[PDB]
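Peer 1: Single-letter residue listing:
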Amino acid sequence: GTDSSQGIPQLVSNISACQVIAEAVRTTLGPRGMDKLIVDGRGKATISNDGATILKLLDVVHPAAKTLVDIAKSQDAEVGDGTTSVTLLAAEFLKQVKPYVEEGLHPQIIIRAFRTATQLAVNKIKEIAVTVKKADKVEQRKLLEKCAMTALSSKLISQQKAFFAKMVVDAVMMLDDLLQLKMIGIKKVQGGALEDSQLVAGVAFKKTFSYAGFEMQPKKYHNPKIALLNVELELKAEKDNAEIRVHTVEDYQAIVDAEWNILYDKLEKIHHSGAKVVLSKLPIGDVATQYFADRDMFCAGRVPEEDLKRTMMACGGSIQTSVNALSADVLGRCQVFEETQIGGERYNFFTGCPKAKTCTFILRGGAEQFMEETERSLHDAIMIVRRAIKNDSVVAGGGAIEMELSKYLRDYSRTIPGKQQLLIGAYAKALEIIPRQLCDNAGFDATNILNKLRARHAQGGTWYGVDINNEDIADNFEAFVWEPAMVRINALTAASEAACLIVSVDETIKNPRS
Amino acid sequence: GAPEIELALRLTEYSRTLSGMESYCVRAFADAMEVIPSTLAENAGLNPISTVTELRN
Amino acid sequence: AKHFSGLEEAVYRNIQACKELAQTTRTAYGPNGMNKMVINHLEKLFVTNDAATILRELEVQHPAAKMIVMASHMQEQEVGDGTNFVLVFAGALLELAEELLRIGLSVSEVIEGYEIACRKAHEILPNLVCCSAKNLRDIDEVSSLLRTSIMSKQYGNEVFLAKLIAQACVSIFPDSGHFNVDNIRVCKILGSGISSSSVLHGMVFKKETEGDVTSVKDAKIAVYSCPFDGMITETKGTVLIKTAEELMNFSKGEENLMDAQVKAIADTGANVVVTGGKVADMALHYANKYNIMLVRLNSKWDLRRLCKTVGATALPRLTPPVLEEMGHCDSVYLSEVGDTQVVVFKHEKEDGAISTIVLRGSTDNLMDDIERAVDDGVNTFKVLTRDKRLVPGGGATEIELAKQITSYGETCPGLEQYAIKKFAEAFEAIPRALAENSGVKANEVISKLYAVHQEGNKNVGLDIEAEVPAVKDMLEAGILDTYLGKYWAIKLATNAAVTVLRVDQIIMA
Amino acid sequence: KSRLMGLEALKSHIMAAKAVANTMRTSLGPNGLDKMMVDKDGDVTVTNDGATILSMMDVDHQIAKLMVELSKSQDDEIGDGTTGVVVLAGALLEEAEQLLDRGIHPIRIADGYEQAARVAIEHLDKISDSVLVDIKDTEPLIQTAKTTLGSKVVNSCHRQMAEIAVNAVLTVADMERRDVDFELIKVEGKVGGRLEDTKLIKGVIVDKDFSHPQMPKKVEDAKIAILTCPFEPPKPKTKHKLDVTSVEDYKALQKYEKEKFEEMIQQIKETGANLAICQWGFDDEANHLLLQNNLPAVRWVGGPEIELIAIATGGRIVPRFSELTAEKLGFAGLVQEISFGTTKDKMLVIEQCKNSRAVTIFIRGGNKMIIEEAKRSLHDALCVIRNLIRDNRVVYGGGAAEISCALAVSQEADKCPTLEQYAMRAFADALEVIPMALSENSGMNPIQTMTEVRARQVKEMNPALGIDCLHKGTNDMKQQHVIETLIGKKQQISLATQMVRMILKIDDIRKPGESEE
Amino acid sequence: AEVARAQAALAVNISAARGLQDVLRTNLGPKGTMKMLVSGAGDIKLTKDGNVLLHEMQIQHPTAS
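Going down the list, the sequences are from chains A, B, C, D and E.
Start counting at 1 in the first sequence, then tack on 11, and there's your number in UniProt numbering.
Start counting at 1 in the second sequence, then tack on 425, and there's your number in UniProt numbering.
Start counting at 1 in the third sequence, then tack on 18, and there's your number in UniProt numbering.
Start counting at 1 in the fourth sequence, then tack on 24, and there's your number in UniProt numbering.
Start counting at 1 in the fifth sequence, then tack on 10, and there's your number in UniProt numbering.
Same shape as in the complex, but just chain A:
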């Protein structure tokens, strides 16, 4: 059959469906903003502080939960940041109208009035917004280090940001023109030391395959012609399943030495392809490497396709369908190849990539379980440092403007009302809950702090805000806690309609039933 339901029981279940989900991301998103180990499968155990990922990871059992994903995810693609908060804001009204829904009181303007309310902010957000680029230095790459410093400091290490923030700038520069994780793609290291990284702006290979000698096999090329190969060469190569009869007589040595030779061709067609540094996602074989270490052209097998791709994007090269490399652009090429061990692991580093738009990072952490949190600082900073690049207009981070707006808005709760001072008051307050959560998921107080900001928001000051580490009143942009205006702009507009959408929905039809 078909299922359907209408009205308050559905409509409250409509808002009941949503409010369950926004608590997944609730205390998340920050340095003291919590982190989610979410295990949605038996051997599948997943960890994210971002909603969109776990939104992708978690099951959505509701149109609400369905309608929510993109809304938060809408802020994901933008900055790389802010799904969790958009999730918070979407259902944040839903508790405020539960008075109304249990009043049964709902003219639909409630969502329609929050819209101009959403307008007065995203407008005001960009008004107070200020370009950091042309304002800061004449340089605008120490500005990025400022952003890098501030944006390396909001999750994990502020220890290494003094060292890292300058490199975050350097990564973004080579990142910018193609905005990619692979080209900031980090190679973790450990055991050579604890807790450090360094930018390497050419590409790097975590993997390679060499035996039949290694220290006797050339590990470096001061002019690598880089074969980016997906090819495989195994113990013996075979074009036939079988013909005649392991033993017999003439048939025994007949197969074996040729099974050797069918390798030699691919073993050759690699080496006369101008593959000296040789890179094959599928492994080079042992007797192949017996050959490869005999031919003294450095091979690699068990090679990452990303490593193959980081190169092809850094060299303008290409992954190759043929062991023969005719084109140096179908080939990869550099003016430096090395197998050098940073931490002791065999690595194939390419500097001299003509494009070299892939910055690699060689990063050490404190322990096994301490390392993740470190580079997300590196990854976040770039995203928001780039975000500081993309929209130069930038306000105080850390929800500085909301309290002002919360005031500024329910200021209309004095100005607006024949009615909707409620709506304007209820609209005004839901802003504050995101950092108040950040305040509260810090275990610390907000109505204390945020109102003190508000007391100076009563001064008219807006960028007044909280530094989530210290968790006390401040001016975030003077602390230079940063987000561009458009960051604040979308999260509202993202969650605003979400708060508006299903409130037009008192009814959901299910044909499949349930």
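Heads up, a few of these hints could be off.
Computed cross-link-like contacts, SDA-like style, restricted to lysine to any residue with a CA-CA straight-line distance of at most 20 Å [stated by the list, open to error]: (1) A:67 / C:380; (2) D:259 / A:256; (3) D:399 / D:60; (4) A:199 / D:100; (5) A:521 / C:62; (6) E:55 / C:25; (7) A:199 / D:93; (8) D:352 / A:275.
Some chain C residues well away from chain E (every beta-carbon gap over 10 Å; in silico) [said to hold, decoys possible]: (9) 58; (10) 60; (11) 91; (12) 113; (13) 144; (14) 147; (15) 162; (16) 210; (17) 211; (18) 277; (19) 286; (20) 314; (21) 342; (22) 359; (23) 421.
Keep in mind that the hints were calculated from the coordinates and are not lab data.
Idealized CB from N, CA, C, for every residue including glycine.
Please arrange chains B, C, D and E on chain A, whose structure you already have, making use of the hints.
Peer 2: Showing chains B, C, D and E alone in chain A's frame:
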């Protein structure tokens, strides 16, 4: 409750000073104190746990 | 269906129909609706304020609702709005008589009270007809004319759609004066904005379009569901997987196979070879080398779309098209349609009768909402071709009849007296279906509408001016109904409810 | 599945990570109590080794997996400390409980433990930071290779296990490079030997011996013929594999491979390498010829091993019987099968006094777990030794540093006005499990036993003297030669606190229940 | 097997006779209505014809014969 908040803090490290199986005793003995004005602090509102961390210091 | 009994269907199943039918109008009908989530056996969120859709999107668990559901659909057929009407109005009809039962008034008796009144309605109906407007070449007159219907069925942009929707139907037949049930086949394309939605004509394949344009001017096609994957009945397409050598060899023969393929179509002539089937590599690059246009992965819809406009038949077999099997269009060309690159054919002087409005947005619901709206605009266009008659928007029109219908009931008496005055009540639910969709009370409105007392410009629409119920002039508002649609609306709702009023409960073997 | 957060997900995290520590703290130290652990496979494993326990442990509660991880990290580099970081976790874990029970916020608690761990690892630096060369280190190495091999159950009567390690990391990796090669050190072991049987081999011992000892059992320096070529069926990848049942083809085949293998073996004698190592090795028919050729040569060889025969010997690679040239000759100092006095133990040492790129530390013993006992002995011994042979930085163990660390942390906790003033001091509290369980492992009342060390550290303020780690009656650490790499405690601490800290940072659990895998 | 005797053998007969007969009085004459019998087809049959609804779907009775 400051007299505790001074002394409990004191006796702890002085309990620590004792060593012996018993050095743990006077700490928790001392430790018992400063929770008293804590409630009293919360009886006045705010956050003793924050405060009593600090008033201790 | 129902072994159930005990005087149920009348006192009971009928209102449950109204239950199912209400709120699918009363908060879904007006200047806008208020969204109704739907998940079909195809599981996705479907927001429908359109009566016809959400009805069919639900599956009837009644014999009761089963009847009048079509009375709302046939309206979308006959009109393109007043479908939510049949939900509320016919839903507002019989629940009245629910009293008459406990009032002790019979079925066959009180039907007459409802029966005669539709005439009296149909007799009052020409009165409140307010002016009229027709130019089938007006986008503007039709924009405001398509407004009232899209409004009820659209919460999305009323005016810019009215600019787009009154464009195509006016634009696809520039002449008009002859209009097709389907004169516009919108090419729904996700991406950009709902404003990026634009008005094109002829045929569009949003499907994969390949080869190359060798004539943008000439559009000749043999529409096919035949795969160029190696499906042809000229030779025998035979794929040999038994040995890798066999696979490599037929691909070589595939070049000359596709040489027996897209050649043979453009042998009859062709530009696009419309492919509802599949095209393999040696065939694709051949047709790319043969430089015929291959639109690929064409589904049955774009076929069924294009099959009608050219007059050619999609063939699952590959043969050189006969005159019947080779279609021609005005022009076939690659244009971003709403700024997304897909092939767009041209049929206008072709005889046209297909406009492609790219329906857009960053979600289907944006592309689906206007999809609910645009057809009402496509619909009222023919409703315009039928009568030029303008009768104002809903909620102003009903009060004038009702007052007369009530005084008519006063002149009615005999035990159907109030059974007529019941019919007089079925009116006020429509502005209430706006007022409820707005969130204020019609009693106030009814008080006002009989306070202001005049009848047919006085109505409250879905508004933020509806905080306090606030009347607007429907004829003047740019909300423009017609005589027919209302005359259609009253008809089926008066038709379907009085006959489901005549039902008994079902005995079963 | 369900969302679990806060105290809920807290007591989720609390169970096993606390519960698992218990068997391991009862296993803590040599006095740590063994655990018979029996599979559903019918297996039986008696383990006081938490690293082996965690390996043996398949138990649920993903955190209980994350310790199986975390021990292995410290297992390779630091060696010992695999178990303690685990039992220290549950310590500061339950320690974390009552601060939340106090109302100290989940991110308030972790960081108080965390920075207080900085002071700890910082205070750790005050014990002994020394650095010496291998030949000096061996004395602090063997004094620790007392503990390591001994906490691994019988260092006893071995500097053979102790001082080949002094060579092991030494030869494969430099002192200063500090690049971890236990991968280059070949830790090899054989049942049927003796714990009193332990050997350093700077080259590779290949178990396969000469086809016949009637053929020379000593091949001269190098002249190893690197051969990937069948002298038995080379599991050749191309054809359907069938032996013949008829006497006709029985005779036709037997004359065939007598011709080639001989002229192969003569071609080997022609390549000038009087040992033929064959990656596809010798059946008997080729060996009669080989014997008839009077060519010393090697039978079946593991595929990568003849490559490992190349690198570890610096051996130049002759790939295949098709590539044959007399120029490339594999390296062997002396090719001979080695019976150690254990004759059932016969390997052919390729013994490199010239190019040794894989150092085989070869230990023996009566039985499987015995050598395994001796392997993880020889493993972590060297692993602790590797620290000390690189930087010989020694803390004296058994809770002597704990109080020492717990002392400074405690007051400095109070010195920090931050809420973690409790947590940092709560941090210094759970350090005391280290002498505690050890006390009860050693069979002593910890609460007194530990404050002995406190009274010691109140006076000493350094691990030197301590309690019994070995239950010997002399309550000592330095003098009891309880000697622990000062790197490792810094390792061990940082491992515990930060793993837990993310366990503390992760309060948000989507699982069907409290715990999961 | 089961035998129905006397007035018991009479009852369900006249009971299933008159009652089902009484079910049908919405009809018979223009003042009668239509009567809805949905057959197994799901068909909506609103009918004032007595001949119709008998055979289509009728609650099981020996009297239905």
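Peer 1: If a hint holds in the structure, say so; if it does not, say that too.
Peer 2: Now the hints, each set against the structure:
Under the criterion of a C-alpha separation no larger than 20 Å, the hint pairing residue 67 of chain A with residue 380 of chain C is consistent with the structure, at around 19 Å. Between residue 259 of chain D and residue 256 of chain A the CA atoms are separated by roughly 13 Å; this keeps the pair inside 20 Å, and the hint holds. This hinted pair checks out: residue 399 of chain D and residue 60 of chain D have alpha carbons roughly 19 Å apart, not beyond 20 Å. Proposed proximity of residue 199 of chain A and residue 100 of chain D is supported: the alpha carbons are some 18 Å apart, at most 20 Å.
The suggested pairing of residue 521 of chain A with residue 62 of chain C holds, with an alpha-carbon distance near 9 Å, which does not exceed 20 Å. With a CA separation close to 17 Å, the supplied pair residue 55 of chain E and residue 25 of chain C stays within the 20 Å bound. With a CA separation close to 17 Å, the supplied pair residue 199 of chain A and residue 93 of chain D stays within the 20 Å bound. Restraint check for residue 352 of chain D and residue 275 of chain A: satisfied, since their Cα atoms lie roughly 19 Å apart, inside the 20 Å limit.
At roughly 20 Å, the least C-beta separation between residue 58 of chain C and chain E is larger than 10 Å, which holds for a residue marked as non-interface. Distance check on residue 60 of chain C: its Cβ is at least 23 Å (rounded) from any Cβ of chain E, clearing the 10 Å threshold; non-interface status holds. The beta carbon of residue 91 of chain C is kept farther than 10 Å from every beta carbon of chain E, the shortest such distance being approximately 15 Å. Residue placement check: residue 113 of chain C keeps its beta carbon more than 10 Å from all beta carbons of chain E (closest about 19 Å).
Under the 10 Å C-beta cut-off, the non-interface status given to residue 144 of chain C relative to chain E holds; the minimum distance is some 31 Å. Listed as outside the interface, residue 147 of chain C is consistent with that label: its C-beta sits roughly 34 Å from the nearest C-beta of chain E, beyond the 10 Å cut-off. For residue 162 of chain C, the requirement that its beta carbon stay farther than 10 Å from each beta carbon of chain E is met, with the minimum near 40 Å. The Cβ of residue 210 of chain C lies farther than 10 Å from every Cβ of chain E, with a closest approach of about 45 Å, so its non-interface assignment holds.
Here residue 211 of chain C stays apart from chain E, with its beta-carbon at least about 45 Å from theirs, past the 10 Å limit. At roughly 54 Å, the least C-beta separation between residue 277 of chain C and chain E is larger than 10 Å, which holds for a residue marked as non-interface. Non-interface status of residue 286 of chain C relative to chain E is upheld: no Cβ of that chain comes within 10 Å, the nearest being about 48 Å off. Distance check on residue 314 of chain C: its Cβ is at least 42 Å (rounded) from any Cβ of chain E, clearing the 10 Å threshold; non-interface status holds.
With 10 Å as the threshold on Cβ separation, the claim that residue 342 of chain C sits away from chain E holds: the shortest Cβ distance comes to roughly 39 Å. Chain E leaves residue 359 of chain C outside its interface by the beta-carbon criterion, the shortest separation being 48 Å against a cut-off of 10 Å. A cut-off of 10 Å between C-beta atoms confirms that residue 421 of chain C is not in contact with chain E; the least separation is 31 Å.
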